[PDB]
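J.: Sequences and hints are given; from them, build the entire structure.
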Amino acid sequence: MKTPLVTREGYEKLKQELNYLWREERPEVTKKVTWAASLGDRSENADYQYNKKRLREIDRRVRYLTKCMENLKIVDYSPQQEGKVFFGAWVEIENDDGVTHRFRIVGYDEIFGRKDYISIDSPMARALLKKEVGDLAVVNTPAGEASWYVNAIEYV
Amino acid sequence: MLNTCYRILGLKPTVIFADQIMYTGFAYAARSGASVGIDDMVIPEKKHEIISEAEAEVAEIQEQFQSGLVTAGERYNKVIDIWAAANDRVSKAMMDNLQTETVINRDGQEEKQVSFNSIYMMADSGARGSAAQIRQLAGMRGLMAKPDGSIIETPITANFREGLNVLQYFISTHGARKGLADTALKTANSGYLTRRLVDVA
Amino acid sequence: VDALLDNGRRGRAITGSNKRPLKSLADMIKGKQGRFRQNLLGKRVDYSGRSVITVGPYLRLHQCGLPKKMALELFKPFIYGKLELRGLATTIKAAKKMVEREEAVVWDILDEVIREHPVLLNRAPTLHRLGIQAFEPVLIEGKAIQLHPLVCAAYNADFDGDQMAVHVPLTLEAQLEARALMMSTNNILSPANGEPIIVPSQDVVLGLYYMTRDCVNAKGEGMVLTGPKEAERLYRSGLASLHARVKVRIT
Amino acid sequence: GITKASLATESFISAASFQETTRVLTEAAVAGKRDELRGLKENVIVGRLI
Amino acid sequence: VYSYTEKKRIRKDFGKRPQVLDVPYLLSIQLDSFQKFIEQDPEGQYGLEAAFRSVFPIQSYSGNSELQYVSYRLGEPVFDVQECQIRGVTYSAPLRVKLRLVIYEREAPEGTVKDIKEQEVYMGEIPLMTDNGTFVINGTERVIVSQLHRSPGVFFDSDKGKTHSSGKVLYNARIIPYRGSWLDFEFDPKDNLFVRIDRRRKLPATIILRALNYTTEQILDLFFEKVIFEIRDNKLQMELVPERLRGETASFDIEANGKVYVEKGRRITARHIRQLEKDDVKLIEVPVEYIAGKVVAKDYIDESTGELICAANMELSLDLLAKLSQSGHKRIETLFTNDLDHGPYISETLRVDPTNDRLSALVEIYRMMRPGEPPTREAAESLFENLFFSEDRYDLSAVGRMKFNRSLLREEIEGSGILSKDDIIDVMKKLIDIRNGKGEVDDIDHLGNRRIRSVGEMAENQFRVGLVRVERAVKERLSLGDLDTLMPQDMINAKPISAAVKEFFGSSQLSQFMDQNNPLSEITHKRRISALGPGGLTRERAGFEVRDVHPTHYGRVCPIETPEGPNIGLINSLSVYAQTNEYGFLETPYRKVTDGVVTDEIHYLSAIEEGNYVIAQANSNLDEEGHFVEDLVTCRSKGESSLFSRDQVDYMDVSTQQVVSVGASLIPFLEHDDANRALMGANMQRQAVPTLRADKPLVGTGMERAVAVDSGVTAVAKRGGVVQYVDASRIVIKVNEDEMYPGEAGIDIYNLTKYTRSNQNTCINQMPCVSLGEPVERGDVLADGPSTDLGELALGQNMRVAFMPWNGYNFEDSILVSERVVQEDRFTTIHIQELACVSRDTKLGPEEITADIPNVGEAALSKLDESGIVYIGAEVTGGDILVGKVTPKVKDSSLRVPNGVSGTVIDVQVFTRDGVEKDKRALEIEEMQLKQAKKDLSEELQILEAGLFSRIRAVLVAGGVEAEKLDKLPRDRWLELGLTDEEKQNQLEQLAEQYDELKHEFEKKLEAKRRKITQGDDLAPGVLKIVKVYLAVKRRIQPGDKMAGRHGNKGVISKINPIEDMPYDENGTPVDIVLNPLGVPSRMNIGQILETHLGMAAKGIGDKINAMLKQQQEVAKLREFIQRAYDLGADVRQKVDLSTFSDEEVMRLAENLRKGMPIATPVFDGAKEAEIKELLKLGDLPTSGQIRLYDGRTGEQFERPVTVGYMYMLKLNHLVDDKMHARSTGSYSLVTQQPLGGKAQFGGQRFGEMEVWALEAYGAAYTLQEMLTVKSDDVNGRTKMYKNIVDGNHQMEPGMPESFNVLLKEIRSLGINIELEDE
DNA sequence: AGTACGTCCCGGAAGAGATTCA
DNA sequence: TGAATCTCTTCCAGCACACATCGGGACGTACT
RNA sequence: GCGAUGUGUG
Ligand SMILES: [Mg+2]
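Chains A, B, C, D and E, in that order, give the protein sequences.
Sequence positions in the first sequence follow PDB author numbering and run 1 to 156.
Sequence positions in the second sequence follow PDB author numbering and run 604 to 804.
Sequence positions in the third sequence follow PDB author numbering and run 303 to 553.
Sequence positions in the fourth sequence follow PDB author numbering and run 1308 to 1357.
Sequence positions in the fifth sequence follow PDB author numbering and run 2 to 890, 913 to 1342.
Quick caveat, the hints were computed from the structure, so don't treat them as lab data.
Worth double-checking, as some hints may not be accurate.
Heads up, simulated DSS-like pairs for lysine-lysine below, C-alpha to C-alpha not over 30 Å straight-line [claimed, not checked]:
{"hint": "1", "chain 1": "C", "residue 1": "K378", "chain 2": "E", "residue 2": "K1306"}
{"hint": "2", "chain 1": "A", "residue 1": "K130", "chain 2": "E", "residue 2": "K265"}
{"hint": "3", "chain 1": "C", "residue 1": "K378", "chain 2": "E", "residue 2": "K1303"}
{"hint": "4", "chain 1": "E", "residue 1": "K283", "chain 2": "E", "residue 2": "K236"}
{"hint": "5", "chain 1": "B", "residue 1": "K789", "chain 2": "A", "residue 2": "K53"}
{"hint": "6", "chain 1": "E", "residue 1": "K260", "chain 2": "A", "residue 2": "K130"}
{"hint": "7", "chain 1": "E", "residue 1": "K476", "chain 2": "C", "residue 2": "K321"}
{"hint": "8", "chain 1": "E", "residue 1": "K191", "chain 2": "A", "residue 2": "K2"}
{"hint": "9", "chain 1": "A", "residue 1": "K2", "chain 2": "E", "residue 2": "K161"}
{"hint": "10", "chain 1": "C", "residue 1": "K445", "chain 2": "E", "residue 2": "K161"}
{"hint": "11", "chain 1": "E", "residue 1": "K163", "chain 2": "A", "residue 2": "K67"}
{"hint": "12", "chain 1": "B", "residue 1": "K781", "chain 2": "A", "residue 2": "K31"}
{"hint": "13", "chain 1": "A", "residue 1": "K73", "chain 2": "E", "residue 2": "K163"}
T.: The structure is reproduced here in structure tokens:
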């Protein structure tokens, strides 16, 4: 239900968000809640409510990313071992209907429209794990099974 | 203002100044009459547009899931993040169309300026409420968290001006009851702490 | 004997009336409701009262409201005193009848005794040092305590129906005590931290906000005015908008 | 910890008047712990000045 | 179409969803429960019947004798509700019981000697229930809450985390019966299964296993499957199963048919599994060392000498292998262990076992149960037999058995009450599977495991406890049984039963004090649901989630109505449409769904039943055909909302209302409000207080009508008919001939309870709301109750309110009110205080009830009668005297007006101990009630005769009519009225025999009631005569009350003010109340604004109609106008016409309107801005709902036009002149010479520990020293102080705190010396 | 007849087992 | 052999109000 | 003229 594999750039970005929050946004909201609580001190005061709620959320996320920075394992490998599509690969797949579909595969904690937004613990990935330029990949979605053809493998 | 007044002219003038502050305040406050009316909370025209776009995005991610591109976990996570982004967009929209909408001639043609919509007034004043509360009046009221400390995959579409559909209100219910209940136990343990401290010093 | 000393410490306690373990000497000492926590680190006190509170913003914050009936009942000693000073009743008993009848002269004497005699106010959740302050009453109709608005936030006390209690120093030294260390004047800053504690709040600040904010164009636009006096003059006349860009002389 | 420094204080009547009675009073009673006042809670109890 | 009465004020309503199932009878829980508790039901099935069939028959010590139940009856009570409340005794009822008492045929097979069935011996009395669902213990009207407790059954909890720090989850299981002893299982990080009975200690569960007379071998066979080693020619091949491999990774040789299939250093593949299973190869050679990590299953012995080689539960070694080999064995049973599928849990447990037999097992059990005492074989035998295997001291109800098996995936919905071997076994299996990962723990708070009891269950259970009390002494005295010279009542004593039930209904965390200070209050508090009480969790021990609300309270428990403060969630209010299942769970309604149609078929559901379906939320736009207009729709499936497909749904909401409480449903525009203030408003609305003049809340909801009707405060006509006699005291109605009885029905009489006492000292009163000669429909109101109008719920009043800060006087929430209000009295509440004066004949003599009190003045002498009592109706101020009582010696003992209360006296009751001379006024009031009851029964029989002769006349309309020969003779000369051969002659013969019958009957009734009132009712010991006096202040209003709307907008009315100074409008009217706008956004409850706007609309419609009427314009205009009015709106269920109304009718409707066209609104299907706007545009008010105003002071125009409308506000009980209170110098407590606490006791405040802290914090010292020494403790110094004051010498002398002196003497009482010293 | 007067009664934390590396 | 690590079991859980009910039964008698 | 339990207020 989890895999600590990480890409270097994503790890960099994680450190980046970590610093951005615990160094810039937390102190801003800090000053904010302080001035808001300059003896306002009202439970009903939904300003204080929402502010502390932003606090709760940012704290949950910082603890999450903290435990991540702890456990997460980086593999920033070269394009050296190629052919196999084990991980970190720009890949295109096609359908009977010709559904072109391109993406690079990265770690769970990198799923955003930023660079490349396909998991590794995903079923698609599990199929894509070890195949070659011309294999017949198959999966079993909760809607049933399906298949695709490999069309591209690229590294960086 | 008051504070510097103190630190620079001592005490007696400070206090007399404070009471004069209060007098003149209440006076011109009443004389003004800052009410609040329903029409005084503008629904952002683009709100319907944005939340519809968000709906379409949800559908896109749902297609990705059903096509097996993602597991329910990151499904959940993607959805929540995108709703949050949408929420922030809506907040920006409403704050703009409130704080600036007042646009009037000058003996020239036009110009924008800080508003007089009483609710934004009551906020920017700093009397009570802020961007946060005026948000939960005009825009969506974001997301609510089940007792698990988790967070539900379908946010509050509407706001307080419009009517909440039942399930929504029902959710936000426990959302708030959590803390409203918390405060009791909290008070208790706090008092115990206080007592202990007093009898160490 | 074990029961006598500490019922409930050795095996099954022995019960009393029907099923509830009877109190013991140990009980009479320890616990939330033993002698220590019940009657010594705090206790009930004469010369006091309590009511509900309201606002009455016409009060130089070195004072506060107080209910007439309530006062007259409070200071009865002082009343008897000034009474037989002026010699309107030989015996104390006669003066008791006097007060009960509530005759005219009584009220004047009451005002007299109050004029400069600070009293103490308290709220229930007496958290911190502010939690008790003092004032000089001014006698008011009705039956509630009028209370300066600013001091609310110090009391952490909205007007949702909160009850406040009043005490009255009986002795002279204590009158000095109040007037020296308990008269809100002498507390603009929480000993906790440096912030002021006389911060205005919602209404008054809404007021000032509306009171100082330019529009772009309104009655009396950009005229010129020597005296802020005459400014207020314009405003009361209505011959010129309240908030309006303007050049004025000031000092 | 406070919940201790309370107990082992020079005085006792304070402790006696804090968080529990029996432990403290007994240990005193065997200690013959003659006790001055030199303390708020103390004088408050005896009600003289502070 | 509508009822005639309804038409009087046809409340318009918004709303879209066609309501399909009306609101049920809101007292369902109470009435159903109690009715079920008491009825002669056959076949047992949960009643007194059930309790009996459980307890009886009681048998002797086989002493040829026995006693058994037969039947039982309940005689009509000895009083009625009303007079009962007046007097004080409970509203109990007799309990007759028929018992067959038999003695077996001694010295013979089982037979009989003689039997006796006692003539329904009565075993004391228990209460009935009010038709309105209350109880009456002691001159009061109390209620029983219903409890919500962990349902008996079996459960599986985590206790994740916080134990052992191991970062390892745990798993425990629990069985709790309905009446017995808890039984739990759990684990320790060493993975060891422990049982505990009733939380005493811990034991190795296998202990109780072996306790169930099992053999180690069987136990192992049960908890584990087999692994077979066959000792072949050699090499001892193992039997294998492929599925036994996927949870494995074997790194050694794995071969078959010669071929290796998993090499040494590999893992298992599902492909390996499939190949093998297709091959079906089980007998395979194995490495000899593989056995090393295995454990024997059965026992094996030396076949030659029968001698033991190895016992079960024993690991394996090569030496063991050789020894068993040479012995000659060939089959080896071992345990299929694992680290993911199956763990050695039971085995290692059995290892940890100290004992190895049934005997010492029972020994250890008895040792944990009764410590210290020596063991005894048969003793412990019987003990363990008396913990899970007997009717007496252990039982689940059917409820238990059901939920139990349902958890265990069993089949039979029914079963025994006792446990089984199989039961405990399967429980353990479930727990083990859970440990293994398959299966799921069950969160406690999921309502599917909470259960609702009710008064019924409570009474049943406690009455059972009473019977088990009695049976003990029953069998005791049966032991000494002699030959028939006795009767069962000799061998039975009601007194314990009575005592038990008495204590229950008197003192409980449930038998509490009804808040009859508002019809709405009653109807709420009769539905309150608590997790407190016996068997229920407790505040201090209360956890966290239990308080929180679970996603399945939905539509079964209000999410929002609950008091804040020292406890929340624990008092969950009960949902509106909710009901109680046969088995006793929160059952809720839903709408059945076909393929694609929302059929009107209602259908109830449990909690768990819901989870397996999918449910469509209420506000879902359907189209006339049961078809949703969408294809994806918001729904909920399992504690999770989502969007699902069209044809997936199963059931739909019933009505939007169905997810709040009455205590909430009455919150207009709830939807536009946060939960926090929503709650607080609901509560405060509960704390409402009636007024002098009910006034039909403008902006209502729709639930009101129902609330009023159910809450029996008002009076609904049983039958329907026509008004005959109205009177502010009573109302009497003729019935239509159809609904008449099959004969001789007559008419109906409704006595109206007039001004009298609440339970919160708040006037309760009734007022007729009909007129002479008027139709009434069955099931309709006749007289409004307190805070009710025209059969609708009216808590506060409507008022013209405006939002603008005004000279600060609304600083925080300081609601400012205008003298206009206090003019119209339109908050003038009415209170009543029940003051008691009694005497007791004691040493130094009895006492007096006379005016013979010396040392008084004519002031007191006057208002009292000559007989010693205040006259009815004296305006008495404080210090006055109501009754004259004296201490013979003979000082005063008078009962006097408690200080500070003004008011007047309405009535005086006087009870007296039978056997004392009734004084002059006693006789006077005696005769007063006498004559009044006589006149009452005279009304009864006289107008009964009136209806009787009118019915005879109605019979003589046809058939044998003799008009003149009928009216010449007086209306009684009718013994042989000449009639035809129809049944009308037989009818008149019926009425004539009834004439004579009723003559004698009324006679006996009169005389009986005479004796009733004449007797001197039993009372306390030594008491002489009760004289209760009622007073009635008219507390008006004054700065310091607590008003609020219905959205938490609390307020303390701050400064009343004169008409001038209020803001007003160009049209001219003043306004009435000013709230604070700066309170709106923060407490994010925008609703009150909407309410206000829609009101402004309402009163606009009003003023418009009022003008139209004052013009005396003819009807046509009114028709057009009101028709337009109701017609506006997008779509409504409220499509009313006007045409079918009569001219006279409509006019009356308008006249009821003129105060304002009342709009209601369903809780979520309610109206919207656009329709509000259009209603306004119908009126003549500005669209925005903001107007120019004018400060009377300034007499000029405010800027930024503001909001004025009508808000519906309420007053609370927290009246100032109750709260406000002071003390200078009064009483002093007796133990500690300290002041007293409270107001009633004329005591002072409490300077608290934290305040001591405070004053300490200030350098202020003399303050605190004075305020601990003088003001409280020293009597000596206190007096010195008071004197020195009277001489102005502001001074003090401390002395010593007498309380501390007391501490000293107390500790000194303890075995401790403590002293002061020198200086 | 029936009784008013008789006796008759969840977290912490620290201690004593008690268990395990020697 | 003895110093660590479980494990029963005593002690405390805010402040101030307001109001409400209820407070022994049982067993046995010298009379009332 | 005490204490228990409950309810409600902040
Ligand atoms: Mg408050």
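J.: Does each hint fit the structure? Answer for all of them.
T.: Hint by hint, here is what the structure shows:
no.: 1; hint: C:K378 <-> E:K1306; verdict: holds (12 Å)
no.: 2; hint: A:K130 <-> E:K265; verdict: holds (25 Å)
no.: 3; hint: C:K378 <-> E:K1303; verdict: holds (16 Å)
no.: 4; hint: E:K283 <-> E:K236; verdict: holds (15 Å)
no.: 5; hint: B:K789 <-> A:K53; verdict: holds (17 Å)
no.: 6; hint: E:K260 <-> A:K130; verdict: holds (29 Å)
no.: 7; hint: E:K476 <-> C:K321; verdict: holds (26 Å)
no.: 8; hint: E:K191 <-> A:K2; verdict: holds (27 Å)
no.: 9; hint: A:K2 <-> E:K161; verdict: holds (21 Å)
no.: 10; hint: C:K445 <-> E:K161; verdict: violated (57 Å)
no.: 11; hint: E:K163 <-> A:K67; verdict: holds (20 Å)
no.: 12; hint: B:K781 <-> A:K31; verdict: holds (26 Å)
no.: 13; hint: A:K73 <-> E:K163; verdict: holds (29 Å)
Of the numbered hints stated above, the single one contradicted by the structure is hint 10.
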